[PDB]
Amino acid sequence: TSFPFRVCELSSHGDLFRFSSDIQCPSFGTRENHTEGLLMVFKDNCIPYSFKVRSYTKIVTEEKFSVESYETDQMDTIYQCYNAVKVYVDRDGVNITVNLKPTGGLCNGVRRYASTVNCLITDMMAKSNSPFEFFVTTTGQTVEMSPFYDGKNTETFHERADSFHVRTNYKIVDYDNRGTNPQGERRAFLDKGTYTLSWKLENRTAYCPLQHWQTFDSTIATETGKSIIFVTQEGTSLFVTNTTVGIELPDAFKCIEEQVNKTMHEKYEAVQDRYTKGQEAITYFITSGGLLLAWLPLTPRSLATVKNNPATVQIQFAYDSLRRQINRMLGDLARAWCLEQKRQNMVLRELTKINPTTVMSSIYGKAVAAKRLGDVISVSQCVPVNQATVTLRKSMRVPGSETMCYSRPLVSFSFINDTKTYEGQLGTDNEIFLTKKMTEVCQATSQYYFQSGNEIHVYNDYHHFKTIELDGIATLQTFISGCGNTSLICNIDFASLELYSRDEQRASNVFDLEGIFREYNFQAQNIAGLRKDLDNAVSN
Amino acid sequence: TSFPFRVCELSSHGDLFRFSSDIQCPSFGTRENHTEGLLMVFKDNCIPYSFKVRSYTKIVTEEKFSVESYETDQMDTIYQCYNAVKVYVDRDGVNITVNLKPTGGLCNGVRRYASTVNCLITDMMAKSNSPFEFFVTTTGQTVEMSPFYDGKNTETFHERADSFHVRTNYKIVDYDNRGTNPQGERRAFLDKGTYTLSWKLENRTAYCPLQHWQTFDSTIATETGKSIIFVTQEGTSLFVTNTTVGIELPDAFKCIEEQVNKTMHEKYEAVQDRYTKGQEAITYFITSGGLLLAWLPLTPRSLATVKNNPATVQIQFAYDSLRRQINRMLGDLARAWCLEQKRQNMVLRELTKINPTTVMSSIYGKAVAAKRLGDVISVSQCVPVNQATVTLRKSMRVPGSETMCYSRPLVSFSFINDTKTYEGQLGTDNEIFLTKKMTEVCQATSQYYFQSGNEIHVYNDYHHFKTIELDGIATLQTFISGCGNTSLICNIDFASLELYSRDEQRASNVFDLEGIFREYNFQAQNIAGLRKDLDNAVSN
Amino acid sequence: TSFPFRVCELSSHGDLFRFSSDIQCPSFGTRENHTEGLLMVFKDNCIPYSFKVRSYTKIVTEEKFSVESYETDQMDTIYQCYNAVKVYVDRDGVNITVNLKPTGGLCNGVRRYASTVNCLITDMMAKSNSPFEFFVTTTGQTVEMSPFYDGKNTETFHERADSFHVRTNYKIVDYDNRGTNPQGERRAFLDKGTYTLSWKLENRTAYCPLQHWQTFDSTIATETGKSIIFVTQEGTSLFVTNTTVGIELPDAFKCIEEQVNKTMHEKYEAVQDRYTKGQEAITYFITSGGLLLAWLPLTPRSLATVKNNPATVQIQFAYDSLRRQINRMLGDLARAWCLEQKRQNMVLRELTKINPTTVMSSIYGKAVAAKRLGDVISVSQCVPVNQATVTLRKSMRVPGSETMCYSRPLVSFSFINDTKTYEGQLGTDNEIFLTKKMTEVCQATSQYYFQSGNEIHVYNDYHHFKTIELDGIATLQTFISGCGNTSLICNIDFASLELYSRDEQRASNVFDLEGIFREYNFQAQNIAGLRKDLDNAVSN
Ligand SMILES: *[C@@H]1O[C@H](CO)[C@@H](O[C@@H]2O[C@H](CO)[C@@H](O[C@@H]3O[C@H](CO)[C@@H](O)[C@H](O)[C@@H]3O)[C@H](O)[C@H]2NC(C)=O)[C@H](O)[C@H]1NC(C)=O
Ligand SMILES: *[C@@H]1O[C@H](CO)[C@@H](O[C@@H]2O[C@H](CO)[C@@H](O[C@@H]3O[C@H](CO)[C@@H](O)[C@H](O)[C@@H]3O)[C@H](O)[C@H]2NC(C)=O)[C@H](O)[C@H]1NC(C)=O
Ligand SMILES: *[C@@H]1O[C@H](CO)[C@@H](O[C@@H]2O[C@H](CO)[C@@H](O[C@@H]3O[C@H](CO)[C@@H](O)[C@H](O)[C@@H]3O)[C@H](O)[C@H]2NC(C)=O)[C@H](O)[C@H]1NC(C)=O
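Chains as they are written, first to last, in the working numbering: chain A, 6 to 545; chain B, 6 to 545; chain C, 6 to 545.
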């Protein structure tokens with residue numbers, strides 16, 4: 006499955022996105038003078054430059070400290086360091102050669118080494134996007150420079166110039182290959198006060214700013230005076246061009262010119278029997294969002310020459326009268342689609358307040374850890390756990406609490422290549438939470454169904470009863486079409502009714518957010534009462 | 006109204022459904038070679054087998070106990086039982102013949118009888134679905150067998166075989182008809198340790214696995230190599246068939262063969278003037294979701310024979326050129342509909358976390374109690390209350406709390422055929438909650454509008470002011486189209502501004518979930534402070 | 006920007022709307038006998054009658070009191086009042102002529118004047134809707150009469166008749182123009198016990214009940230026996246008419262007759278070459294929602310006379326066979342649109358529980374303060390603050406709390422024309438909250454991005470780091486199409502993992518509503534434990 010057992014709440018800081026307010030959907034206005042043509046849509050290119058980075062730090066018990074040049078050489082060559090922080094030493098000892106032992110990193114390709122005072126090394130990935138303004142490490146620390154900054158190149162670099170240096174012919178030793186003496190590299194070093202950071206300088210690579218996105222074989226152009234609106238039959242996509250006369254192609258985009266000549270020729274060749282070219286040269290357009298649109302206008306051949314009114318006039322009139330009706334309908338579909346995207350954006354913005362992790366995982370169709378960092382959402386991979394160790398606990402009653410029960414089953418698991426066993430609670434879709442705070446007052450009778458991939462675990466009275474296939478429980482569609490529409494069963498929790506008849510004040514488990522809201526002001530007044538009573542108890 | 010006054014939170018466990026992750030929407034790919042034809046869609050049949058069940062239990066003050074065979078005979082014939090639990094007796098008395106009195110059940114057809122130790126009988130419905138793997142009683146107790154299990158039949162039965170027995174020629178007495186001596190039955194008995202359960206064994210009924218769902222009079226079949234995609238013009242429904250050559254009909258489904266011969270002949274007869282049959286026999290297809298699709302391919306007659314280019318060629322070209330364009334548009338509409346259903350499923354999954362009862366009631370268009378039982382939603386009827394007794398309290402200030410007021414109006418009501426009067430708070434759409442915890446700090450001025458079906462109750466200063474028709478308040482659409490778009494009124498709560506200017510720390514009522522979220526961490530730190538201060542007060 | 010810095014939570018009571026349950030979408034049923042025609046849709050007219058109102062009150066320390074006729078004359082002419090409340094006087098003094106000083110109102114055109122006992126005047130707007138049943142003042146106080154009630158006119162008036170009077174030739178003085186002696190007016194007075202209210206009686210204006218809404222140039226009418234369903238090609242709008250024979254126009258709507266004659270003639274004149282009129286007179290229809298629909302049926306000219314089968318018959322058959330297919334598709338699009346609106350209404354109803362302010366602001370596309378007043382939503386303008394004074398605080402660590410940090414940046418601001426400086430927290434989209442309760446436990450490392458219009462503020466370690474343009478962070482669409490689809494970075498919060506490995510019980514910041522829900526029952530049990538421990542501490 007694409008949603009394996011995973012811990013997602015450990016994900017600190019990943020790729021950022023924001024919800025676009027003020028999405029604008031055009032009004033077609035005067036809607037005659039449609040013209041057909043090929044549209045190639047080009048999107049800004051993003052290259053995920055992922056590169057291996059070594060982090061060096063001193064941990065002190067908790068203040069942290071960078072590592073100087075002489076000690077980082079000893080770390081990279083011998084994995085030895087010097088037990089002190091510049092002054093106290095571990096166990097209040099004396100400054101001595103202290104040897105780093107290896108330690109598991111939880112991601113693919115992350116390796117930690119850790120020997121009061123503690124030397125620490127972390128091999129880890131960092132990723133950067135096409136503009137190369139910054140790169141984010143697995144720790145979530147962000148560095149405000151290009152990873153290709155050579156120092157002399159004056160490429161984007163906002164950190165302290167004194168903190169950055171580059172050393173040639175640098176030697177680095179692989180921990181289990183200490184005698185192989187690997188080939189030398191050119192390696193950069195950065196001092197951030199909290200930690201030293203080092204990475205290999207790969208001479209910056211070269212790429213073309215625009216990557217091809219879509220080819221729409223027939224599109225309808227509507228000239229609304231200030232803008233051209235392009236309506237695409239494939240999908241329902243709509244493009245608003247802010248200029249009426251197409252711009253000559255900027256030379257930086259000239260890598261496109263071959264691709265457009267090829268795609269236009271290949272696709273026009275399959276269409277020659279139905280259309281003639283309106284222009285000998287492609288017209289280029291730029292959208293406000295920065296998409297480049299390549300437009301080849303085509304004029305349809307009259308049906309007489311496709312390779313009291315007389316028949317031909319009636320046929321051409323009917324054909325043109327229905328083509329225009331289809332074009333109007335496609336335009337209204339594109340406008341409806343634009344408005345629906347505008348409303349989806351708001352719906353997603355609101356659902357992200359309920360749970361960003363699940364919202365994003367549903368958008369992607371794969372497990373992604375999502376964290377709301379104020380007004381931006383960060384998306385990242387979850388921490389994988391090795392699924393052979395994942396075992397649910399058969400009983401979910403809280404040990405040593407006659408009045409408390411777990412509302413989610415306990416899970417025992419181990420991190421990949423980690424011997425230590427950890428315990429947590431099974432969230433939704435094999436998610437594992439490093440918490441045991443999902444508890445509820447033990448009901449006299451309870452039925453709970455928890456889905457763990459292709460199997461559902463059925464718990465009666467907080468004890469594991471059976472495992473059933475997912476097909477044992479109808480999906481929403483099958484439910485509404487099947488016996489979900491029949492006379493629903495009438496249920497009475499007679500125990501709850503008697504309890505309310507005998508103690509109207511009694512507390513009960515909340516089951517939904519709206520119940521939290523309905524209780525909230527009463528609970529806040531209860532807290533205020535606690536505060537006042539405690540202050541009076543202290544005063545007396 | 007379909008949303009009468011009701012108590013929904015008493016609903017323990019009803020019909021279960023789950024939100025289907027990984028809904029797959031196909032890509033049409035190579036899109037020529039459309040063919041038209043009739044499509045009959047058949048869906049798996051669900052029969053709601055609802056049957057009357059008698060429950061027997063001993064309640065002890067609270068341990069519960071089943072009832073033996075000799076005492077259940079005395080209950081079913083005389084409604085007498087024996088006051089003891091096998092040992093203590095009610096009022097620490099002595100084992101004696103003790104007579105059950107009748108008691109109201111709150112659902113249609115539920116009747117309770119109840120005389121430390123308490124004999125209890127409950128006539129109640131149980132419902133089961135077409136696979137007959139289990140049946141759920143009104144209490145919410147689920148039994149893991151088919152209600153048609155004859156013991157010897159080896160039909161699905163997972164309970165303890167020692168606990169189940171069947172007795173012939175069993176006699177049962179109706180409480181108010183004790184002299185009528187009803188005809189005998191064959192009745193099954195089950196011991197679940199907590200309770201005995203009994204029901205009449207109706208010889209298992211017979212039915213055909215597939216129920217007809219839809220007939221689509223014209224559909225477009227696209228052969229995408231591995232699958233056939235069926236696009237239906239009525240609605241926007243889409244069906245993905247995992248096989249390219251249609252399977253011969255399984256004999257178990259042969260009940261369909263007459264229905265398909267009839268529907269295909271009846272509907273082709275109205276279409277003969279436009280199409281000819283491509284095949285002499287219907288082709289059957291099965292979807293991954295288990296729908297059976299009956300497909301009659303049709304080939305359209307040329308327009309010449311429907312009962313420099315020459316005219317006929319132009320007419321046929323235009324007709325075929327526009328039919329293909331409509332077919333492409335219908336395919337894109339079906340794909341858009343599939344994606345929109347995929348996104349609706351996520352939206353509903355998230356809104357169910359806000360409030361499943363209201364979400365489900367809106368989906369059904371009728372009052373349904375919905376409870377999230379972990380990862381599955383249970384849907385059931387709400388408990389009806391007799392609407393002649395429902396009276397709102399004219400004042401919603403909390404009695405004996407100068408600083409507290411009710412945020413929802415109080416409701417006095419009686420359960421159907423119950424003399425006892427109960428008091429609660431009016432939730433949304435005539436829902437009644439068995440709680441009075443929806444309270445708020447009394448505002449100096451307040452306006453609240455509560456809708457109770459076709460009338461809105463307007464409360465000024467926590468006192469009932471007037472009742473207005475629902476038409477007195479514009480709907481969202483009428484609002485946005487009417488004066489909602491004008492210059493909105495500018496309001497200043499000057500009292501709130503002065504309060505904040507004079508006590509920046511002062512507490513205020515929360516009005517929405519996002520305000521709960523914004524306060525939550527501060528309230529948690531307040532609770533932690535309470536805990537630390539109380540521990541220090543105890544230590545001193 | 007349309008979302009300036011603003012305080013929205015001060016908005017007490019504005020225009021009300023409700024979510025329409027039981028939106029009905031028709032079934033087309035028998036679908037032949039389409040007919041084309043022009044449809045004019047007329048909607049009920051709403052006029053926002055906004056008028057200037059003066060409020061008079063005595064504030065007492067806090068009981069409030071109206072002002073008598075002799076003292077209101079002295080307020081309106083000299084802005085003098087008499088320091089007493091009928092008896093105690095400010096500073097326990099003696100009844101004396103006491104002079105009102107001016108004070109800023111926070112809305113455009115609101116002016117307050119305020120000299121134990123405090124005379125108070127408030128010039129403020131009040132707005133009323135077309136039916137003139139009530140008008141709402143800026144304070145949020147609602148008055149149950151028409152503002153055009155002349156006393157003798159017996160126009161809608163539900164307040165106490167003794168409380169209302171009208172005085173001719175009334176003189177009112179402008180505070181800074183005390184010598185100009187403005188022209189007299191006819192002014193009404195109302196005593197509400199809490200406050201006196203006064204406004205100018207402008208003889209009620211006259212208007213026509215129906216305002217033109219839309220003209221749909223081609224629409225499809227389907228006669229479903231009981232109703233006519235109108236499907237409009239522009240947009241996807243659908244109208245259900247409850248009558249099959251159109252009603253003769255009520256005389257009250259006769260103002261429409263000229264507009265319809267003009268629009269029908271102007272639009273038919275552009276269509277004569279394609280259609281002939283089916284009737285010589287427009288047919289009027291009324292929807293259940295009260296829309297008036299003007300219908301001119303048109304019959305299309307045969308293609309022969311638009312100004313073995315023979316060609317003309319084939320051409321007409323093809324044209325009619327495709328027009329019917331387009332009409333069926335438009336009908337299915339209109340039904341899908343109706344169902345989608347029905348589902349949007351539920352989605353919006355649920356999202357309003359998360360945050361009505363943001364939901365409504367997204368619907369309007371402009372900043373609107375929204376407050377849920379039970380089952381109705383009130384919408385109003387937010388209080389503007391003068392944006393030249395808005396300065397974010399560079400540091401968001403809580404002063405004097407080593408363990409607490411602010412989760413939203415602090416904002417210093419001044420109200421328009423107010424010298425006083427106020428401090429609060431920056432909510433979403435330049436919203437300012439008069440609170441400082443959004444706090445969190447200081448994380449060892451934190452990254453937060455807050456958007457403030459066209460700029461994003463980036464805070465590292467609770468200290469302001471940089472400001473970036475909105476284009477520095479990809480929108481959701483650009484994200485999903487760009488590097489958001491690449492291999493996401495794998496992040497480990499190693500500190501969190503160590504903390505959980507060493508103290509499984511440790512508390513953590515909640516980041517979403519579902520985390521509130523997961524913690525809620527455990528926090529409620531913690532509160533209950535606090536209560537029990539405090540009661541035992543008091544008992545001992
Ligand atoms: C603990 O013992 C280590 C043993 O290495 C001491 O490290 C030494 O630290 C000094 C500076 O305090 C280094 O001096 C350096 O010399 C190089 C030139 O070789 C120069 O480029 C540097 O800027 C610096 O002046 C020295 O190299 C370094 N290592 C050795 C081999 O002595 C460390 O200072 C002792 N102190 C603590 C904090 O316990
Ligand atoms: C309280 O008084 C009742 C009076 O009925 C006692 O019920 C009796 O219980 C015994 C078993 O303790 C029953 O014996 C049974 O005999 C039948 C055959 O007739 C056999 O099939 C059963 O397996 C069982 O051996 C007895 O029938 C039953 N009723 C009578 C009429 O005596 C009850 O035991 C007394 N005890 C308590 C718990 O207070
Ligand atoms: C404080 O001093 C003011 C000074 O104005 C007193 O106001 C006076 O109040 C009396 C009623 O208590 C007013 O009598 C009124 O006479 C008019 C006719 O001129 C009549 O229409 C009213 O119904 C009422 O009978 C009087 O006009 C008013 N002003 C003057 C100039 O004396 C006030 O009563 C003193 N008392 C308090 C509460 O401190």
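Hints in this document: simulated from the structure, not taken from any laboratory. Careful: at least some of the hints might be erroneous.
Remember, identical chains collapse to one label, so a pair may be satisfied in a single copy or spanning two.
Below 25 Å or equal to it, Euclidean Cα-Cα: the simulated BS3-like pairs (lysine-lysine) are [unchecked claim]: (1) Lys441 x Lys358; (2) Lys197 x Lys471; (3) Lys197 x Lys57; (4) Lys371 x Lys347; (5) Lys358 x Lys371; (6) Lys347 x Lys358; (7) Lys176 x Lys537; (8) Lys48 x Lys399; (9) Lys537 x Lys371; (10) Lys157 x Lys537; (11) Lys441 x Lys537; (12) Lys358 x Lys57; (13) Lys197 x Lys176; (14) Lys471 x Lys69; (15) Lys347 x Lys312; (16) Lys57 x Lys282; (17) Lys399 x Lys197; (18) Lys347 x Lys57; (19) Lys259 x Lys157; (20) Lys106 x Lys471; (21) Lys371 x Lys205; (22) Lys205 x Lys106; (23) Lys347 x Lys537.
Verification of the hints:
no., hint, result
1, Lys441 x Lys358, "both (23 Å within a copy, 20 Å between copies)"
2, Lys197 x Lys471, "between (55 Å within a copy, 17 Å between copies)"
3, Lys197 x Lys57, "within (18 Å within a copy, 62 Å between copies)"
4, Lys371 x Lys347, "both (24 Å within a copy, 14 Å between copies)"
5, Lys358 x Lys371, "both (20 Å within a copy, 21 Å between copies)"
6, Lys347 x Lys358, "both (18 Å within a copy, 20 Å between copies)"
7, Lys176 x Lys537, "neither (67 Å within a copy, 54 Å between copies)"
8, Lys48 x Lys399, "neither (52 Å within a copy, 37 Å between copies)"
9, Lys537 x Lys371, "neither (50 Å within a copy, 43 Å between copies)"
10, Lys157 x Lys537, "neither (65 Å within a copy, 57 Å between copies)"
11, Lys441 x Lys537, "between (31 Å within a copy, 22 Å between copies)"
12, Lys358 x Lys57, "neither (34 Å within a copy, 41 Å between copies)"
13, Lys197 x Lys176, "within (22 Å within a copy, 74 Å between copies)"
14, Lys471 x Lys69, "between (50 Å within a copy, 24 Å between copies)"
15, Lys347 x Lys312, "neither (44 Å within a copy, 43 Å between copies)"
16, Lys57 x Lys282, "neither (51 Å within a copy, 65 Å between copies)"
17, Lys399 x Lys197, "between (49 Å within a copy, 21 Å between copies)"
18, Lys347 x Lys57, "neither (39 Å within a copy, 38 Å between copies)"
19, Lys259 x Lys157, "neither (29 Å within a copy, 81 Å between copies)"
20, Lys106 x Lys471, "neither (45 Å within a copy, 39 Å between copies)"
21, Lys371 x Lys205, "neither (32 Å within a copy, 49 Å between copies)"
22, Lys205 x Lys106, "within (24 Å within a copy, 72 Å between copies)"
23, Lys347 x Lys537, "neither (49 Å within a copy, 49 Å between copies)"
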